[PDB]
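So this first bit is one chain, no partners, the form deposited in one PDB entry, shown in structure tokens.
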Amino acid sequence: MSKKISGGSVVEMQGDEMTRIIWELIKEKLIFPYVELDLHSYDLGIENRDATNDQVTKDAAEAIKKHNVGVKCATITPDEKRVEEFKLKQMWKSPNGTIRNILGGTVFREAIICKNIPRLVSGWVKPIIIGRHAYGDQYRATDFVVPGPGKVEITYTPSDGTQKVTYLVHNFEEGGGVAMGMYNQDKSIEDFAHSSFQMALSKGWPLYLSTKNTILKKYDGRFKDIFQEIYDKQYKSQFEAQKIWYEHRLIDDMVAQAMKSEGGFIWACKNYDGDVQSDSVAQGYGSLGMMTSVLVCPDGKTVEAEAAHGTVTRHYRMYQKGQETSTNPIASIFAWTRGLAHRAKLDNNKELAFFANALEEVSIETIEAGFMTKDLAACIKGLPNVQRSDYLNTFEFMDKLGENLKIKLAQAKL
């Protein structure tokens, strides 16, 4: 167009292996040509994390907390093999954990939808954002074995020196067993609620909290009550304003309704075992290359976007041998659009906001037009039947998006 859009302040974290390659391609072909940013970029590549003794990771989280918008590229989480591969000098903790443990918030995973790409439920036309309440990786489980008869109890001792309360979870009369301890601070539940409500107002969809309060009448009921409270004291007004609404459901009714729904709703959910933050998601159904992720902070201001997958090592290896690759960039691309979309919102930057949207529509439109990477072509035909003529390589795809983006932005000039 004319002058690049003044995007504002954004925090960018560079990553590793395959994602680092496509990441640079995204900035070079889809972001920089149209937006000027006051970039606070930190190199979270493994060699740099090692070199700075992981100091860069903290600095990145610090930066996000302060500039509110963070976009992250996938990073290698060291294990024995990695320690050996790069001669690391210590097994560095996952940077995703370090970041999440400093900013707090709830992660919401979404799978971009395309009409010509199969969904678990054909009827799903609009996406389904899902945020699971989970402790960070800094959480340590409290489970033991119990070898033989005896009683197991759970106890609460007020710190003000008042009557101690004991409960008796189970008395093992014969044989042994196994037992767990679990907890949740009200604050965490509030945060969970806040991040959930906001998320729904930004997207413009109805929120649904699923719990199993029928069984955990006090545990889960706690979530239910705290949601309603926060929903009435604040939010409800805006939900009605935006034609949206909040509402509770028993995990059993959700999974059923969800199966008969067309989609388009925020699904916050508390599971029996609870969950713990992890880097990976779970292959499952649908291409990981289409799985977005967003760490939404309680304050309504801070947000960190990233793809749901990892660095895609296998793909990288081939790229390292000069082999042709076909890595999906949608998930990474959406990390940028969601970040810029949030940015534009905090600053009432109409232009940037339009840009953010445009890039997503072009991403989706490009695929629905028949242009896609191998992973998607395989969702349509199945690995065995997929031919090369069925897809584009990593670079050809990036090139197609950029072309279509150029067309999209020109057409909007009217």
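Heads up, when I say rigid core I mean the largest set of C-alphas that superpose within 1.5 Å between the two forms. Numbering follows the first chain given and starts at 1. First, how it differs from the form deposited in another entry.
- Of the candidates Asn96, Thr327, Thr337, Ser210, the Cα that moves 2 angstroms or more after core superposition between these two forms belongs to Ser210 alone.
- For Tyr316, a C-alpha deviation below 2 angstroms is recorded between these two forms after rigid-core alignment.
- Once the rigid core is overlaid between these two forms, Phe86 does not reach a Cα shift of 2 Å, moving by less than that.
- In the core-superposed comparison between these two forms, the C-alpha atom of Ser196 has shifted by at least 2 angstroms.
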Second form
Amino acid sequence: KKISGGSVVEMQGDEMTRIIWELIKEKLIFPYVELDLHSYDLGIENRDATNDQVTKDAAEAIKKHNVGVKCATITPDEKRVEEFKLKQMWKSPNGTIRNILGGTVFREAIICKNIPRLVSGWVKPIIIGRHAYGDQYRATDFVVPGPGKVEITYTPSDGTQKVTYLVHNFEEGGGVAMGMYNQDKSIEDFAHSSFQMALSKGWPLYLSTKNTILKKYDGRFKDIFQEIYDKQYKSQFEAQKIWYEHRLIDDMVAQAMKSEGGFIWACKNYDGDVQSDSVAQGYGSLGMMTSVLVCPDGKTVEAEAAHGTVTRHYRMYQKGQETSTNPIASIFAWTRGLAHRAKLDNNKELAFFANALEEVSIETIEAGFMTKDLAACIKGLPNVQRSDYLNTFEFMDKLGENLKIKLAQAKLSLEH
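Would you mind giving the form deposited in another entry, to go alongside the form deposited in one PDB entry above?
What comes next is one chain alone, with no partners or other molecules.
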């Protein structure tokens, strides 16, 4: 008898992460968990074949079933259009899913005691709450071909007025222009999720903006967060001896860098993207990070592996050359997704399994069993020998081996 997992929406990806995703399912999930799996192929060839409709359908399924688990995908550029003979240069599927679901993407490093940090002081975790909606990821940008005016206009639905703002009058030559936006309700949900995360972790909360430059745009994020804080969370924060504070982005990055960690950092969409990669790398490895989208309904989540598709590895794998790919972030997309599914259904066994697989992952690396990238973190790539690491299959087999052990011990620990 396997654990009755319930409904999970899965999104298949590309290149090396696609190969690894299938191994995770077959070796670590399917032998122990029985799921009502709703599969959507978000591979570059299937998104092309469906005119990117598959991405939209996957997002609607996540709304219906409340839990999604996503593999890393290619956001194509000119070179990818050539390689796959694409009909169009399809938009980022993470951007599409996030703009349908909305909410906040919570990112945290996956800490293994034997992996060295690149930032000395970071002894406690930094959780980034990245606003998942609008700004640059739902922007309208274009090339300005020559002289002419760029204007941005607002027309209320009542049709009683029109406001025209001059962006720029190009007098000689062209350039680029763009329009972007955000919604009050989305910012409000982003504020609530940031305050709630801070209270659940018992850590202070910092919101970063550039409101001295974007006085109206970033000023609105500052205003909404302060008003929600003062009216609904300030007394709860004081009771927990924590606090909420606004910081200018350039001040905040330096503050985060010299801190000892132990804080929630609410980031606007773009800063969340860039700063979560700097933080992940600061803790030791880019691919050692969780990434969970928490939707405004307080019920729907989408967990993902936020790193790349590992093309260099994929090319080696295609030529039959040996590869050593870190599967941890992809495993944690599954565990964070299964833990949330367990929390919705009150499934103690699924919750136990989700946590056990995270523990096994960390314990295996901590015992000295790891992929070539993690071995290069400790020893340095020139000093790495074949005996120091396990290839992709050896590591997956090793995790499966210890997962079988951990789960056997957990069953054997049960009182008669």
